[PDB]
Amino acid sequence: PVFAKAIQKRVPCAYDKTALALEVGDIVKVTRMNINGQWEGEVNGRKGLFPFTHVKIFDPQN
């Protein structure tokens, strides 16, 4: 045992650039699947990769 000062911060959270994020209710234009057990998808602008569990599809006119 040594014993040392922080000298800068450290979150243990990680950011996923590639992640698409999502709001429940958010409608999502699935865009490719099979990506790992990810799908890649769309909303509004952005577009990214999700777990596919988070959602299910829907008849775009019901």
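We call the rigid core the largest set of C-alpha positions that still match within 1.5 Å between the two forms. Residue numbers count along the first chain shown, from 1. First, how it differs from the form deposited in another entry.
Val24 shows a C-alpha shift below 2 Å between the two forms [criterion: core-superposed Cα displacement of 2 Å].
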Given for the second form:
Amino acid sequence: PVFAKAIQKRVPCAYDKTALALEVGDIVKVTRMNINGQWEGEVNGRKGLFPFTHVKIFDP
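Having seen the form deposited in one PDB entry, can you show the form deposited in another entry?
FYI, this one's just the chain on its own, none of its partners or other molecules.
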């Protein structure tokens, strides 16, 4: 994968749960970067989907 850094909160749509909950400063292990929508990653623990827009990649 690659690790990205959450840069904009993202409250899972109540009644979603595939949707990753994101807090700023979370480490997202982007597990899949679908060019058509959300990415697959696992914010500390659970896998799940998320907007690529709320993260920034980091090396540094």
